[PDB]
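Asker: Residue-level listing of the chains:
2 protein chains.
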Amino acid sequence: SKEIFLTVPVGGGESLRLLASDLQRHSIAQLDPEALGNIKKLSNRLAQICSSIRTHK
Amino acid sequence: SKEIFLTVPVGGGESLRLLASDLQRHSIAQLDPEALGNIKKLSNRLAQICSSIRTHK
Numbered sequence: 224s225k226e227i228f229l230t231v232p233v234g235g236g237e238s239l240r241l242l243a244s245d246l247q248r249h250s251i252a253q254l255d256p257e258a259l260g261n262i263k264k265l266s267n268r269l270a271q272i273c274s275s276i277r278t279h280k
Numbered sequence: 224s225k226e227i228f229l230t231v232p233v234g235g236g237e238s239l240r241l242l243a244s245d246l247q248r249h250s251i252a253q254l255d256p257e258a259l260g261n262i263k264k265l266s267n268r269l270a271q272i273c274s275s276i277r278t279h280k
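Residue numbers (the authors' numbering), protein chains in the order written: chain B, 224 to 280; chain A, 224 to 280.
If you are wondering where the hints come from, they were derived from the structure by calculation, not from laboratory data. One or more of the hints may lead you astray.
Identical copies look the same in the list; a pair holds intra-copy or inter-copy alike.
Here are the computed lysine-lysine pairs in the BS3-like style, where the Cα-Cα straight-line distance is at most 25 Å [said to hold, decoys possible]:
no., residue 1, residue 2
1, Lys280, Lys225
2, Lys263, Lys280
3, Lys280, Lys264
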């Protein structure tokens, strides 16, 4: 494991392998309703951590 | 694999396991300079896909 990726199990079984070096839109737009919710929260919460970090200091 | 998580290899070896159900801030603030860059892009690009999807239609 060298590259970064997200694991979003389609529905509730097989886990998906989507690398950040590409981040396919459809791969996420083909998930289940419950999945879309998790993803949205993933980016939202994450975005908060970044700003919280001091990169200008 | 049922829960969603991100894999950010610290420096360049062992991959990290950070679930989205918690998303630890420090775990990301302790990574390497090259890692922080990838993460920031991960959330940015992802955020675009969401808005691209039609959830109001």
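Asker: Could you run down the list of hints and mark each one as holding or not?
Answerer: Results of checking the hints against the structure:
1. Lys280 with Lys225: Close neither inside one copy (29 Å) nor across copies (38 Å); limit 25 Å.
2. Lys263 with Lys280: between (30 Å within a copy, 17 Å between copies)
3. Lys280 with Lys264: Only across copies: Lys280 and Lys264 sit 21 Å apart there, 28 Å inside one copy, limit 25 Å.
Of the numbered hints stated above, the single one contradicted by the structure is hint 1.
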